[PDB]
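Given as structure tokens, the chain that follows is alone and in the form deposited in one PDB entry.
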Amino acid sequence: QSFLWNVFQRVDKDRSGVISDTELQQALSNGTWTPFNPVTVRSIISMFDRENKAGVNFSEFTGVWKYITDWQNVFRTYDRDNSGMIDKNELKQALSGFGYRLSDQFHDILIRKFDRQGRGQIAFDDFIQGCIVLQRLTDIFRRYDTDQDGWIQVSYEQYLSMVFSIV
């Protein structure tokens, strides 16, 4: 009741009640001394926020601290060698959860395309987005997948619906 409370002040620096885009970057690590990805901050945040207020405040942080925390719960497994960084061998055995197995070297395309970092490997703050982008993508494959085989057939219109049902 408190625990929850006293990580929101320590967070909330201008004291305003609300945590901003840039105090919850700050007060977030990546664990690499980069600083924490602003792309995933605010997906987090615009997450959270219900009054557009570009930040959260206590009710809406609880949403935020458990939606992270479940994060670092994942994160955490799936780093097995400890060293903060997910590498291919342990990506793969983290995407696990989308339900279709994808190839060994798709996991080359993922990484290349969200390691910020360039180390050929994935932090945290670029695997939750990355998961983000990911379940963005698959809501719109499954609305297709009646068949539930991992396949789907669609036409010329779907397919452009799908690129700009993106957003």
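Numbering follows the first chain given and starts at 1. What changes on going to the form deposited in another entry:
Hinge residue for the rigid-part rotation between the two forms, picked from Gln135, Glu90, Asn57, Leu95: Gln135.
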Contents of the next structure:
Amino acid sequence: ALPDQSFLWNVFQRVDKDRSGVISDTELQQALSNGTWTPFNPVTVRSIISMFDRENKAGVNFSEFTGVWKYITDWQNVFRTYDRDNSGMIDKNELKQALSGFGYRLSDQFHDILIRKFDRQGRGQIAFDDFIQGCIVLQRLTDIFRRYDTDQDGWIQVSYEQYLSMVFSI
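So the form deposited in one PDB entry is up there; where is the form deposited in another entry?
Left out here are the partners and the other molecules; the chain alone remains.
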């Protein structure tokens, strides 16, 4: 949160290309770097817009952008903490450390399912945007799971329908 408003408003005006006073997903995406030289995951860019857009306008204003800026800044720090070999991509073992550090207790084999599902380069090494994405979706599905797991034991009983409106809970 270190920078002043002057800095972050100069940043805002820069990212707000059409000068409409609202940063759109399209504009945020161009501001963001995933390190790989490919456009920042658009699904992730939209996830971040609607987390910080309160007044439903498919965008963020200056005040909400300062939160966007902080949310991105915090994720970057997390990324570099668990990017131990300094490669700019998170691998399976790095992902195991990151998720364990988030308090997740998940088997080895599952981390492969994770990389497969969220790695867009298909190299088995996760870029900054796909790591945010994988994580946003994890925390989303844990919440859903905790809604149902009344004794929080990590096991639930579901009907076929309950089950289906959980996979359509995403």
